[PDB]
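All protein chains of the complex are present and in place, except for one that has been dropped.
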Amino acid sequence: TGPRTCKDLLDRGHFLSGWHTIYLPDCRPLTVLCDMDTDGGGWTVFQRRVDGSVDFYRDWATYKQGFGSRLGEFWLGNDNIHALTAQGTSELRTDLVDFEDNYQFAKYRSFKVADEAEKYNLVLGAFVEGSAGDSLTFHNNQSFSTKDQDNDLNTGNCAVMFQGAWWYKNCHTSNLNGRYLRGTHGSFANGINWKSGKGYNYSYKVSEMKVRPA
Amino acid sequence: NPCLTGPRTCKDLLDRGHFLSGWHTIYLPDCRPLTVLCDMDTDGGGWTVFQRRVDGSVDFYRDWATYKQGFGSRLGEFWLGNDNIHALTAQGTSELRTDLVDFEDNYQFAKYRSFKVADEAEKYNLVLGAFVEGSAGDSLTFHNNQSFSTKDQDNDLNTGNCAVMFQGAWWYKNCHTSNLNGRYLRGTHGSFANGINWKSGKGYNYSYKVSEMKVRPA
Partner (left out) sequence: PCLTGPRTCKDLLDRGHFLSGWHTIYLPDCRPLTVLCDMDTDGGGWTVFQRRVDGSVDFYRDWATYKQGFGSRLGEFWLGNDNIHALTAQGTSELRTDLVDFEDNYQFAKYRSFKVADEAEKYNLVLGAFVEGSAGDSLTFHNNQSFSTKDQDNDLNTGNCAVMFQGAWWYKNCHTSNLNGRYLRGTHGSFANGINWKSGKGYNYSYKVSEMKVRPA
């Protein structure tokens, strides 16, 4: 019955990025990171990597509730991301920065995750544009997986083989919750990787995933 | 009714016992709430920080409308916004402090007895009081009584465009001895005077690690 999105806050004159309280579909308050600069601002950031201070190789219960720090890296929580994206349409933007401070991005028409009972299934709309290329449409219609809850399409455990948590199939083309392996790495596809961007052997300095009413 | 009971400046906050720097809501003269960064640590504390550079994560080469409303992040770097800075300095007398740190941990500062920014109709004209003291030396008096300029709105006193030439936004004259909204060029640069430069401090070829501009009632 007040601000429901970061877009609402932007329209009310909140021009600086930072943490604000919004009110979810059910009226539950949630303190979220608003990106008010990028691409018109008004984005609610649900994932952020910047320096490798936080361990992202976490189990189901931890990804469900969210983890990390307001002062740095975090995953907002799958329950929260479902609430955020349940009804209406949120467009997704992915922002990626390499160690030479070059920026890439990918933008999708719509994005949402189902509730826990449906394994926080990815529901993704068309790739609109992005200098990072499209490395997420591959994962469309897939259950989320973590090390202790394998819902993927591999005989082995993708979350373990690539040290992350994602909507793994057999196995991935993106892996943003992968290990903070600074820049080029010999090890295959176990960093913060975006196949169509810098490839399976380059772990980004910065990663942000964010949503805005479409 | 929290406008009448709420703090109106960072100094009110310090007086109420907030001893750590951090973002707090204050109430502007027209009762509009604004979340600002208070500096409680430096020089007696109670300063409202309106510009901060720290790591080059935010692009400061922005247009008139963006400087007007403010941009950046409470997580790090930002410009509070010219409308806000006018609102903060329109009434009474605010002193100004500039804190600068180089990449070798050398701290420098400059202090001015008063600092006032006019409204948009006057293009955010700078009215600067006397230089008080400072190891950074005085690189702002030169800019007294100049309109603010951005790349897309040239209000400087140069035949060309200072904001474009020096890749920032400032109360440019013809053109500058300070350029704190310049590019984050990380230490010494070969390019001329287009970084976070304070001439009397580290010169036209050295871009500071940290910049903060802040005001306090005096």
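A and B are the chain letters, set down in written order, and residue numbers restart from 1 in every chain.
Convention: a residue touches a chain if its C-beta (ideal position, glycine included) is under 8 Å from a C-beta of that chain, and two chains touch if they have at least 3 such contacts.
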item: Hidden partner chain, touching residue among B:4, B:20 or B:121; value: B:20
item: Hidden partner chain, touching residue among A:74, A:111 or A:204; value: A:74
item: Residues belonging to chain B that touch the chain removed from view; value: 19-23, 39-41, 76, 105, 210
item: Absent-chain interface as seen on chain A, which is shown; value: 19, 31, 52, 54-55, 65-71, 74, 77
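Just so it is clear, only the chains that are shown with their structure count from here on.
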item: Gap in Å, rounded to a whole number, between the CA centres of chain B and chain A; value: 34
